[PDB]
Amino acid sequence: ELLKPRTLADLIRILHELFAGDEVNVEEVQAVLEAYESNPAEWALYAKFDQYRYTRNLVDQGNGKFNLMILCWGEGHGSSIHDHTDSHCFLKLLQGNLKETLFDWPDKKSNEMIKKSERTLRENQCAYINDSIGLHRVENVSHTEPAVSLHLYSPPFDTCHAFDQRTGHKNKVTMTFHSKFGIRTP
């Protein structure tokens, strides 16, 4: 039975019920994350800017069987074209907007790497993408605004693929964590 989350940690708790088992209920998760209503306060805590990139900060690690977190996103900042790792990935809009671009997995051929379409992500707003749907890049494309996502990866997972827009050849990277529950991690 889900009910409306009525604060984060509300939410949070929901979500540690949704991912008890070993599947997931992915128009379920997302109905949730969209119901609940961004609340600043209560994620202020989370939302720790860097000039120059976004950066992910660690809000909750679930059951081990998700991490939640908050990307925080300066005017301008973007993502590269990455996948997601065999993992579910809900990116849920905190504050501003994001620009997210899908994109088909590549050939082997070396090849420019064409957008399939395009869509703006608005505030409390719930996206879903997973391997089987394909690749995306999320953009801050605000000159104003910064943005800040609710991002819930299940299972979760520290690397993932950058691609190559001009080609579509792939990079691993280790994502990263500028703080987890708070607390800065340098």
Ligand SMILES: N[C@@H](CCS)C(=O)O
Second form
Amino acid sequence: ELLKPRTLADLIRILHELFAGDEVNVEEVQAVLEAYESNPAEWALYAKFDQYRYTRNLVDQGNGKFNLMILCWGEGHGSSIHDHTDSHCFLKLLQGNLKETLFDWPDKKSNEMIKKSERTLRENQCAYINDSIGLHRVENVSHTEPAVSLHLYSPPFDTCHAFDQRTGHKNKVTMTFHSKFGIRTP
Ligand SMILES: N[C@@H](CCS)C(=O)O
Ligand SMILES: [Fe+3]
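Just the form deposited without the named molecule so far, so send over the form deposited with the named molecule bound.
Below, the chain from earlier opens the complete complex, with every other chain and molecule after it.
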């Protein structure tokens, strides 16, 4: 029975219930993530920015079933065009706005990756992506407002691919956590 999360802590407890089994009800997970109303005090501990690029801050390891993390995007910070390593990926805005640009999987032949579509994800909205849907880029295009987002991936992954927009060529990337459970992890 899906109830509204009263706090981030409550959200985490609910997510543990929803991932207790071997499968994922994506619509239920998205609904509960959307239903949590971002409260900056509850996640300030995790909102550790870097001047030069976005940061990934681990919040919960989901008893192995998922990683829950907070990403902090300075003005002008964005991601590569990337995949999600055969995992479910949910993205909820906690602060600010992010531009999501969708791309198709490239063909073998080298070619410009043309954007399929784009949308602006606004505060408290939750997006969902997986490799069967396509690839995406996520960017804070604001000149004046930092953005903060809450990401859930299941199963957890720490490697993915970045795609060259000019050719479609992919390279393996390993991502690191800027912090874990509020502690900077250089
Ligand atoms: N998956 C990316 C963030 C955009 S969804 C990352 O883990 O850094
Ligand atoms: Fe992504």
